[PDB]
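K.L.:
Given chain B, work out where chain A should sit, using these hints.
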Amino acid sequence: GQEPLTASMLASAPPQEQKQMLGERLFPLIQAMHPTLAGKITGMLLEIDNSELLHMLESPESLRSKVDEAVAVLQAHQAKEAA
Amino acid sequence: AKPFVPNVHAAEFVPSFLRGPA
Numbered sequence: 541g542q543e544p545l546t547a548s549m550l551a552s553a554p555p556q557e558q559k560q561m562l563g564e565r566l567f568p569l570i571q572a573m574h575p576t577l578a579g580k581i582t583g584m585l586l587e588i589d590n591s592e593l594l595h596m597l598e599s600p601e602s603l604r605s606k607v608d609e610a611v612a613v614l615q616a617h618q619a620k621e622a623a
Numbered sequence: 073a074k075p076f077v078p079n080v081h082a083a084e085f086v087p088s089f090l091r092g093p094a
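Same order as they appear, the protein sequences are chains B and A.
The numbering of the first sequence is the authors' numbering, which starts it at 541 and goes up by one.
The numbering of the second sequence is the authors' numbering, which starts it at 73 and goes up by one.
Chain B on its own, in the form it takes in the complex:
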């Protein structure tokens, strides 16, 4: 297994790689809930802002919130039957 992420680590890497980092760790995180499009949702989510995300990591009360919000935004427009 690998260790979690921290503001100290996100700083070491550039602002262009940070996004990949957060998303990379978020991939498996959300993969336990919505693996169907974990990456997709992880893209827009992590794209929101590293400032907020940094706090979201230790915020299990807001994380699930954003996740569900996005998942719902899909059905709103259109829902497909893709395995």
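Derived from the structure by calculation, the hints contain no laboratory data.
Where a beta carbon is used, it is the ideal one built from N, C-alpha and C, also for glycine.
Among the hints, erroneous ones may be present.
As the list claims (entries may be wrong) - Going by beta-carbon spacing under 7 Å, a handful of chain B positions derived as facing chain A:
| hint | residue |
| --- | --- |
| 1 | 579 |
| 2 | 580 |
| 3 | 583 |
| 4 | 609 |
| 5 | 610 |
P.N.:
For chain A alone, kept in the frame of chain B given last:
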């Protein structure tokens, strides 16, 4: 009432690799 209203049209975060349809 969707205080964030995300963009479902958004694109994945992973790096785009493997050209072509396959």
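K.L.:
Take the hints in turn and mark each one as holding or not.
P.N.:
Quick rundown of the hints versus the structure:
1. A least Cβ separation of about 4 Å between residue 579 (chain B) and chain A falls short of the 7 Å threshold, and the interface hint therefore holds.
2. The restraint placing residue 580 (chain B) at the interface with chain A holds, with a minimum CB-CB distance near 5 Å, inside the 7 Å limit.
3. Hint status for residue 583 (chain B) relative to chain A: holds, with the closest Cβ pair at about 4 Å, below 7 Å.
4. With a least beta-carbon distance of about 6 Å to chain A, the hint placing residue 609 (chain B) at the interface is held under the 7 Å criterion.
5. With a cut of 7 Å, the hint placing residue 610 (chain B) at the interface with chain A holds, because the nearest CB-to-CB distance is about 5 Å.
When each numbered hint is compared with the structure, no violation occurs for any of them.
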